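This part shows subunit A:
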Amino acid sequence: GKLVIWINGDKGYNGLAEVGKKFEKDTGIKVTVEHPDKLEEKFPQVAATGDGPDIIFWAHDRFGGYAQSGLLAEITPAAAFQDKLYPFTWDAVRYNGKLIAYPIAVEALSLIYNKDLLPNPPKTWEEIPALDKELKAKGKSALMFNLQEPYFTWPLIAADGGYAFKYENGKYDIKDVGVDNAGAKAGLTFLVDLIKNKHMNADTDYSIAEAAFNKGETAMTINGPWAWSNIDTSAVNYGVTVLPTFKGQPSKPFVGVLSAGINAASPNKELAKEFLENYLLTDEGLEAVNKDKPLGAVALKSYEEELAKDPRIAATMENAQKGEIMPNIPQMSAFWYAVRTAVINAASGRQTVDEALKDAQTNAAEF
Partner candidate 1 sequence: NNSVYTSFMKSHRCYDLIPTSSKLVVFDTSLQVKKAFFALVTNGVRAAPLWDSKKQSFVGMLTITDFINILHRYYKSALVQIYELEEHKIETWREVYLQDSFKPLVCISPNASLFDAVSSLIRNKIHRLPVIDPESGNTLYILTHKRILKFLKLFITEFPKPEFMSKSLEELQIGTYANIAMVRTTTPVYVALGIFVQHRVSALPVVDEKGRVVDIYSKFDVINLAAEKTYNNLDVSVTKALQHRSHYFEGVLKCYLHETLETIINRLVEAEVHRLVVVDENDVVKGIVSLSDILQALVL
Partner candidate 2 sequence: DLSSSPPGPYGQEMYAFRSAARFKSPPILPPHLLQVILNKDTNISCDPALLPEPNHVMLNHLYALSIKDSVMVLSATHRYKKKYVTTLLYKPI
Partner candidate 3 sequence: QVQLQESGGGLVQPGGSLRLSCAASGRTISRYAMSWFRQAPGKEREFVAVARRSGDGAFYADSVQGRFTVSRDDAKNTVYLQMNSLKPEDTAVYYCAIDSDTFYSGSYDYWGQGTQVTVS
Partner candidate 4 sequence: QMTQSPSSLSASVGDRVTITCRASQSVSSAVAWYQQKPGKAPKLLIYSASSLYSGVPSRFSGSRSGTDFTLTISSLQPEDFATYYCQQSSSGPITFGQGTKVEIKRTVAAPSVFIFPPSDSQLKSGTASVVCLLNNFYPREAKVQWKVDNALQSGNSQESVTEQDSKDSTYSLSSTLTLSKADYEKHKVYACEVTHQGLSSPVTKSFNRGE
């Protein structure tokens, strides 16, 4: 008879705890906030058994594979409730024409640099080793980010023309995968050559790169808007700018749209829907989350009209408009760890570029 929220540990869970305390103040039902590790793997094993969390906060890339198993409930939005949000945010959560999730916010990657160590941000990906040749003599590093996950390495690969699935008319083609073209080969070759020529460290993940950026060990980093509280905590003179162009072509990041998933096995569907539609997507509910950790471009236009004065969020929206929206097909669930295994095999030197891209092309849609 309560609400259980699972969200990733790098998100603003204390704002959700404050909204749950306000809900307990208004009606008496408490909200329990938990942050489990690898929640996209822990979710279906309890959702199939009829127990676990009642509501999940995750992007729409896993929601197609969640909906094909009958694990997500059908939502009933109002006309004014659709009018308050952006139309492409409703389009990104469409599964076979049906709406399955409430849009929350739009997350997009941007270039975050240290103004004290680098006053002018580079406009070219190829001059980053030329800058690192100067910066290694100073004792710093040019660019350090999470290499274990493909979400951060995807723009450097897909800048020259790489794509996950071909989108023509409402359907993603599972046989047209653009990881075997020349642009993905050049991007993965440059990503290997950054490691082999001692410009980056292959064992660098999100935590080590975050601790290096809060201590000022790196000059640039690639990270999302959720780490802005940790950036403000370390008091480093930070700047957020547009991602640079690669061979005359800009980067193509995944455009992430955070959504609210409702479990189909939960008897508390109506209370959760009233909770979301009355508290979370309002002007007062977003500020409690934004005070903890900023989410970026929100789906509510009224709060975005006041929020758009931040040039960081403006550059995030510019990178989102020059980016690419994620597919919501269930073949993305096989795409993610296949591209992750390809990046791990290419970075560690166990496999070559062509073998890893052939494994990514073969194991793209199915496995």
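Note that in this section contacts are C-beta pairs under 8 Å (C-beta built on N, C-alpha and C of every residue); 3 or more make two chains touch, one makes a residue touch a chain; residues count from 1.
If you want to know what made the cut, all candidates are chains of the complex that A comes from, given by their letters.
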Selected neighbour of subunit A [touch, this complex] from 1, 2, 3 or 4: 1
Candidate 1-facing residues of subunit A, complex: 352, 354-355
